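**Student:** What follows is the residue order along each chain.
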Amino acid sequence: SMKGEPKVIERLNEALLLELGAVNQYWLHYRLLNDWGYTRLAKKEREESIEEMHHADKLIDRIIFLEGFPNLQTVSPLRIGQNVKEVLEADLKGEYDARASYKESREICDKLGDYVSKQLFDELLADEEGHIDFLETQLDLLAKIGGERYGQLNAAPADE
Amino acid sequence: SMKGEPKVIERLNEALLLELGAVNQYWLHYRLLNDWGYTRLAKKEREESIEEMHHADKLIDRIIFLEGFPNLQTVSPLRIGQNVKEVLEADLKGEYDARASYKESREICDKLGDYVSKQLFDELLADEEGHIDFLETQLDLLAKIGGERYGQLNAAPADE
Amino acid sequence: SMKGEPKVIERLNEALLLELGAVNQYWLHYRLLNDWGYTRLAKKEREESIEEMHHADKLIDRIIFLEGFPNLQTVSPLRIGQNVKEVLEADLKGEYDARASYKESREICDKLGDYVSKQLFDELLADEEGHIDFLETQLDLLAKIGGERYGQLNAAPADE
Amino acid sequence: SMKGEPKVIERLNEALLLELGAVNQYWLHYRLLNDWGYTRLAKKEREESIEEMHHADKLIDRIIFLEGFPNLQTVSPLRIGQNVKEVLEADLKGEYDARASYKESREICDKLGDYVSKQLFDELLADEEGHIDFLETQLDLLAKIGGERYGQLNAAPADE
Amino acid sequence: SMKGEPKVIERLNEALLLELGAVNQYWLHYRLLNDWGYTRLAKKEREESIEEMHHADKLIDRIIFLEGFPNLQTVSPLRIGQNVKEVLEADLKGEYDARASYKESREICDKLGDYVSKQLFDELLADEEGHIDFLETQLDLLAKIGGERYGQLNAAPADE
Amino acid sequence: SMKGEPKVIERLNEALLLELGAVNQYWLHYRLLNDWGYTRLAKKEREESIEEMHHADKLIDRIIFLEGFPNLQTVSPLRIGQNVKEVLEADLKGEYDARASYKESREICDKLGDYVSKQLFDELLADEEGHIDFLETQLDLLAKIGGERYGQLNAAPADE
Amino acid sequence: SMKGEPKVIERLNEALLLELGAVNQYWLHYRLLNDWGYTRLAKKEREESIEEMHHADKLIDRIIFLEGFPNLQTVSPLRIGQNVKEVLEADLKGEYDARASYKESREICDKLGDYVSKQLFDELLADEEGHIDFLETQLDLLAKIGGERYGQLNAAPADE
Ligand code: HEM
Ligand code: HEM
Ligand code: HEM
Ligand SMILES: [Fe+2]
Ligand SMILES: [Fe+2]
Ligand SMILES: [Fe+2]
Ligand SMILES: [Fe+2]
Ligand SMILES: [Fe+2]
Ligand SMILES: [Fe+2]
Ligand SMILES: [Fe+2]
Ligand SMILES: [Fe+2]
Ligand SMILES: [Fe+2]
Ligand SMILES: [Fe+2]
Ligand SMILES: [Fe+2]
Ligand SMILES: [Fe+2]
Ligand SMILES: [Fe+2]
Ligand SMILES: [Fe+2]
Ligand SMILES: [Fe+2]
Ligand SMILES: [Fe+2]
Ligand SMILES: [Fe+2]
Ligand SMILES: [Fe+2]
Ligand SMILES: [Fe+2]
Ligand SMILES: [Fe+2]
Ligand SMILES: [Fe+2]
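Protein chains in written order, with PDB author numbering: chain A, 0 to 159; chain B, 0 to 159; chain C, 0 to 159; chain D, 0 to 159; chain E, 0 to 159; chain F, 0 to 159; chain G, 0 to 159.
These are calculated hints, taken from the structure and not from any lab test.
A couple of the hints might just be wrong.
[Said to hold, decoys possible] Calculated cross-link-like contacts (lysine-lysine; reagent style DSSO-like; alpha-carbon spacing at most 30 Å):
(1) B:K42 / A:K117
(2) F:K92 / C:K6
(3) D:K2 / B:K110
(4) E:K84 / B:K2
(5) B:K6 / B:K92
(6) C:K57 / G:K42
(7) A:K6 / A:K117
(8) E:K57 / D:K92
(9) C:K92 / G:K57
(10) F:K110 / G:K102
(11) A:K102 / A:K84
(12) F:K110 / C:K6
(13) D:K84 / D:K42
(14) D:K6 / D:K43
(15) B:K110 / D:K42
(16) D:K92 / D:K143
(17) C:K110 / F:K57
(18) D:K57 / D:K42
(19) A:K42 / B:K110
(20) G:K102 / G:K57
(21) D:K2 / C:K42
(22) C:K84 / C:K110
(23) F:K110 / C:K102
(24) E:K84 / D:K143
(25) D:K43 / D:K110
(26) F:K102 / C:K6
(27) A:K92 / A:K42
(28) D:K143 / C:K57
(29) A:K43 / A:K84
(30) B:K57 / B:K110
[Said to hold, decoys possible] So, partial list: chain C residues that the calculated Cβ filter (under 10 Å) puts toward chain F:
(31) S0
(32) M1
(33) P5
(34) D60
(35) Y114
(36) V115
(37) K117
(38) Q118
We treat Cβ as the ideally placed atom computed from N, Cα and C, and that holds for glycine.
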């Protein structure tokens, strides 16, 4: 009787595909930022990757509970920056994509009466707008102090 | 001058594709095993997933150090079991695949003189034969005590 | 004047040959039981091996004190099981062999007046009947609950 | 599929035979050195015996993992000294024997593609050259200060 | 019998000459960087010097073990920068020199069968590629934020 | 009814006479060894004296329990060395004397059915063979390193 | 093969019958002595009862190990005193009975070659002669200071 709405499972798998992409994008940005010297921003990027990992684990559990089958076989297309600002903007564009898919999804769950899944999307939505606030603030800072000083701020001295 | 052999980067990206697949396969097995009640085996599967995550992070770092570009965009094809034995056998088949790709890869690094990458593959190889010893032992146990008692052993009572 | 009865040294070297065999038999059973998944029984087998190691060290010391020369060059013939019950029965047959050699030996020491060596054999004898009680009990349990449940009981879940 | 190269199992069993011999040789030297009063050298000999025990346990595990059958039934021929220098020289000759068998063995594993076993022999090799450095140094010391002062140095006062 | 291949001792002495040079180059860079105010980079340079000291001590021990005679009498030619970027580039050029000598050397040890010395060079090689990753990253950072901001980042305030 | 076999009391009093002698011999050796400078051997001699004291107390208690009367009025003839080796040999000769009296005595207790006294002699016997092992080892050491180095080893520096 | 000599099991069951009697006799003496006010002697009697309990448990285990069947169905005839001295004398008479049965029994085990059971009787024998020493001493004290002062000594003040 716990069999879920197939449209709801579709939306959760759609969210999962986006999360898996975000996990990989953030992790590669972490390693790239590190190789370039921006170790403080690299660290924040690692943490963001791990937060998306947790979101992906929540979606899988909800999908399997609804007796759907979670798709981990494919990953959404990654946006890979080649300097700091591009990395921040690549991440921002991904969060806005996620925001819109979750906005759509909570409405679909609502209309079909799966209120617990609705609640799951509403929580992912507020998390994303969290990540979005952070990134927009960093990009505004980068813009007002300039890329090279933003880079220096987010870099460690050589003895660390 | 640190520019790496393109054949060596190819092999590391080939390893990365297999690791990312293994990460996803183990994680889904964790959640599936959990939904079926096999919580002790599910836990070991989570740990295995996280170990592969660490291997994938090592390959990315080596690829970026060699000034190659790591591919996280695609994931190797997953093997998804539908009961305990199939889960163990799906994992085993994946480890043997990894063993063979790393065996090939350390020989390619050796011939081309990239001894530090050789060492990286040799370490992944011994880890895989570790995972392989574990799984073959579990499958032998399953075979000698039978699937239902193996399942019970790897399940928790309801108060845990 | 501490020169010992040559017949007494012979008996101690005979005991040493049996102990060295038992040390090797128990250790191989430990590793085998482990490879098959029976990790709790494997652990007890390791401890038994180490106890025999200690017995072998006691015999060597007594032999050298009596100015005899301990023979470590050859090992008595090993009994190697191919499943749990055979492992337990191979060990039992070895302990009964040891019991009989020590029974004979304490009588030889007694008749020849080497009472301290007599005491050494009497202590090995009571230890062996200890090991014998343990094994007979395990085999009775195996018989009453059946090999597959005895195997499961002596196996660990996969997360350990 | 984990079935190992029979030539590789042969070499591991060959190593095991040498290790078991070394375990017994070092242990008997420990007890002998003790009976003669050279308690500090006796202690080091006990530790060496126990290190070889650990090497023997590693070989057994690798053999059983490769689905070979480890031979513990026979022990390689022991070299037994009758004074300090002979004990040190008997041990040295044994380590050089082991060095050469492991040198041969890592090359055989390499040619046949069993790189994890290669790594195992390379680790035993560096350990042996460790034991060899120690013994050559002790023998040089014995030579420069003379056997009786070397004996005194490696003996304890009577209250210990 | 521990007499080593003369070609192997030559290569270890060649490595020693390079290490001693690196020890002196890093130490002088430490003091120079300090005099110029770049105290955080100076500290990392001191640590690097001390790591090379440890490498030099490992080579000496291996040389004396192989009954060769280590040459400490001469030091390889030093590269001495006159500002931050030149200091980093002088160090990088030295590490690439070391990388190539160790690459050559492990192959010579391999061909001649001195596998433990091979392992020693392979460990120095991976350490050097470590130092090389660090320096290339610092130089990329210097390039993207500019020398004066890189200098400021690696300088301490006057109260420290 | 606890009245003991008069032959058994005789043997215990015979043992007591030997123990009291040994107590006095060891104690005088302690003080003598001390006056000569051999303070480490002197200490061991004090401990040996005190162990014999404990043996003498055990015999007295057993004698009084058997309602015999323990003879402390006379002491067996003492062996008093005039240098280190003579002290060790005087002690050894005394232990062999004790060994033989206890060997005889446990047989007399056995034949007459006083098994608890038998056990008492068997315990004194194993203690004596303990003391005998120690002394024979010390004398062998003295022989192989020479009296003057054995003396030095068992002497303390002047600040202790 | 662990089947025991039927004569040996008979003797152990004979010992068990005596121990069970002693357990009950000591316990009733404890309660009686308590009711009469002799609380310090009552306490010692409780401890003695519990020691016999432990002896009885040892005999049962040995009987079941020898695949005999322990008889707990009947208890040997109890000796119940009506004042302090009679209580002490009733206990003494019981210990002498036990002494003689164990003396007989160790000889029977010896002749039939069951040396581990021999050792068990020898240990019970020395324990009994322990209990016998204690009681004879208490009765001698009672005799020399008189029953009423012995009673007072073994009584507590009313506030305890
Ligand atoms: C389905 C995809 C993934 C899932 C479900 C997932 C899940 C998780 C979770 C729940 C943790 C928390 C472990 C802990 O700290 O207790 C974790 C940690 C981690 N993740 Fe992932 N993750 C995924 C993808 C990735 C990828 C692609 C990488 C690439 C390197 C990665 C790297 C790591 C690392 C290094 C850790 C740290 C583990 C440790 O500290 O021992 N993860 N992951
Ligand atoms: C003459 C034969 C042997 C003797 C005299 C002997 C003696 C001993 C002793 C006294 C110990 C106790 C060390 C301690 O825990 O403090 C020990 C430990 C051990 N034994 Fe043996 N043993 C023998 C045979 C073997 C064999 C054939 C193996 C095969 C692997 C083995 C494996 C071990 C191991 C792994 C340890 C643990 C050492 C540690 O924990 O560091 N032994 N042995
Ligand atoms: C210009 C030449 C040298 C300078 C300026 C120098 C300086 C120093 C200093 C200040 C330390 C103290 C580090 C500490 O313990 O906190 C040190 C440690 C050390 N030195 Fe040197 N040294 C020189 C040459 C050498 C050489 C040729 C070797 C050859 C092996 C060497 C081996 C070591 C080692 C092994 C340490 C220990 C570092 C540690 O404990 O981590 N040094 N050195
Ligand atoms: Fe966050
Ligand atoms: Fe997310
Ligand atoms: Fe997000
Ligand atoms: Fe693992
Ligand atoms: Fe992996
Ligand atoms: Fe793996
Ligand atoms: Fe045991
Ligand atoms: Fe034994
Ligand atoms: Fe045993
Ligand atoms: Fe060692
Ligand atoms: Fe070894
Ligand atoms: Fe060795
Ligand atoms: Fe470093
Ligand atoms: Fe270096
Ligand atoms: Fe370096
Ligand atoms: Fe002692
Ligand atoms: Fe004594
Ligand atoms: Fe004594
Ligand atoms: Fe008591
Ligand atoms: Fe009793
Ligand atoms: Fe009693």
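**Student:** Give a verdict on every hint.
**Tutor:** Comparing the hints with the structure gives:
1. Of the supplied pair hints, the one linking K42 (chain B) and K117 (chain A) holds, its CA atoms being roughly 29 Å apart against a limit of 30 Å.
2. Under the criterion of a C-alpha separation no larger than 30 Å, the hint pairing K92 (chain F) with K6 (chain C) is consistent with the structure, at around 25 Å.
3. For the hint linking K2 (chain D) to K110 (chain B), the alpha-carbon distance of about 27 Å falls within 30 Å, and the restraint holds.
4. At roughly 21 Å between alpha-carbon atoms, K84 (chain E) and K2 (chain B) fall within 30 Å of each other, so this suggested pair holds.
5. A threshold of 30 Å between alpha carbons decides the hint, and for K6 (chain B) with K92 (chain B) the separation of about 26 Å falls inside it, so the pair holds.
6. Proximity of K57 (chain C) to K42 (chain G) is assessed by CA-CA distance (about 43 Å); at most 30 Å being required, the pair is judged violated.
7. Only pairs whose Cα atoms come within 30 Å are accepted, and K6 (chain A) paired with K117 (chain A) is accepted, the gap being roughly 13 Å.
8. Taking the CA atoms of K57 (chain E) and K92 (chain D), the gap is about 26 Å. The hint holds against a cut of 30 Å.
9. The suggested pairing of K92 (chain C) with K57 (chain G) holds, with an alpha-carbon distance near 26 Å, which does not exceed 30 Å.
10. The suggested pairing of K110 (chain F) with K102 (chain G) holds, with an alpha-carbon distance near 13 Å, which does not exceed 30 Å.
11. Between the alpha carbons of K102 (chain A) and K84 (chain A) the distance comes to roughly 27 Å, so the proposed pair stays at or under 30 Å and holds.
12. In summary, the hint linking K110 (chain F) to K6 (chain C) is supported, as the alpha carbons are separated by about 24 Å, within the 30 Å threshold.
13. In summary, the hint linking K84 (chain D) to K42 (chain D) is supported, as the alpha carbons are separated by about 16 Å, within the 30 Å threshold.
14. About 35 Å separates the Cα atoms of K6 (chain D) and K43 (chain D), which puts this hinted pair outside 30 Å; it is violated.
15. Of the supplied pair hints, the one linking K110 (chain B) and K42 (chain D) is violated, its CA atoms being roughly 47 Å apart against a limit of 30 Å.
16. Among the hinted pairs, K92 (chain D) with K143 (chain D) is consistent with the structure: their alpha-carbon atoms are about 20 Å apart, no more than 30 Å.
17. Under the criterion of a C-alpha separation no larger than 30 Å, the hint pairing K110 (chain C) with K57 (chain F) is consistent with the structure, at around 28 Å.
18. Taking the CA atoms of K57 (chain D) and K42 (chain D), the gap is about 23 Å. The hint holds against a cut of 30 Å.
19. For the given pair, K42 (chain A) sits about 36 Å from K110 (chain B) by alpha-carbon distance, which is inconsistent with the 30 Å threshold.
20. A distance of roughly 17 Å separates the Cα atoms of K102 (chain G) and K57 (chain G); the hinted pair therefore holds under the 30 Å criterion.
21. For the proposed pair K2 (chain D) and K42 (chain C), the alpha carbon gap of about 26 Å is at most 30 Å, so the pair holds.
22. Note on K84 (chain C) and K110 (chain C): the hinted pairing is violated, with a Cα-Cα distance of about 40 Å set against a maximum of 30 Å.
23. Under the criterion of a C-alpha separation no larger than 30 Å, the hint pairing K110 (chain F) with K102 (chain C) is consistent with the structure, at around 21 Å.
24. Of the supplied pair hints, the one linking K84 (chain E) and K143 (chain D) is violated, its CA atoms being roughly 54 Å apart against a limit of 30 Å.
25. With a CA separation close to 37 Å, the supplied pair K43 (chain D) and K110 (chain D) exceeds the 30 Å bound.
26. Between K102 (chain F) and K6 (chain C) the CA atoms are separated by roughly 19 Å; this keeps the pair inside 30 Å, and the hint holds.
27. Under the criterion of a C-alpha separation no larger than 30 Å, the hint pairing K92 (chain A) with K42 (chain A) is consistent with the structure, at around 20 Å.
28. Pair hint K143 (chain D) plus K57 (chain C) does not hold up; C-alpha atoms about 36 Å apart against a cutoff of 30 Å.
29. Under the criterion of a C-alpha separation no larger than 30 Å, the hint pairing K43 (chain A) with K84 (chain A) is consistent with the structure, at around 15 Å.
30. Taken as a hint, the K57 (chain B) and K110 (chain B) pair is honoured in the structure, with Cα atoms around 22 Å apart against an allowance of 30 Å.
31. The interface hint given for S0 (chain C) holds, since its Cβ lies 6 Å from the closest Cβ of chain F, which is under the 10 Å cut-off.
32. Hint status for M1 (chain C): holds, given a least beta-carbon distance of 6 Å to chain F, under 10 Å.
33. The beta carbon of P5 (chain C) comes no nearer than 18 Å to any beta carbon in chain F, farther than 10 Å, and the hint placing it at the interface is violated.
34. Because the smallest distance between the Cβ of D60 (chain C) and any Cβ of chain F comes to about 9 Å, under 10 Å, the interface hint for this residue holds.
35. Evaluation of the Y114 (chain C) hint against chain F yields a held restraint, the C-beta minimum of about 6 Å falling below 10 Å.
36. A cut of 10 Å between beta carbons decides the hint on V115 (chain C): the least distance to chain F is about 5 Å, and the hint holds.
37. Nearest Cβ of chain F to the Cβ of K117 (chain C): about 9 Å, under the 10 Å cut. The hint holds.
38. Checking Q118 (chain C) against chain F: minimum C-beta separation of about 7 Å stays under 10 Å; hint holds.
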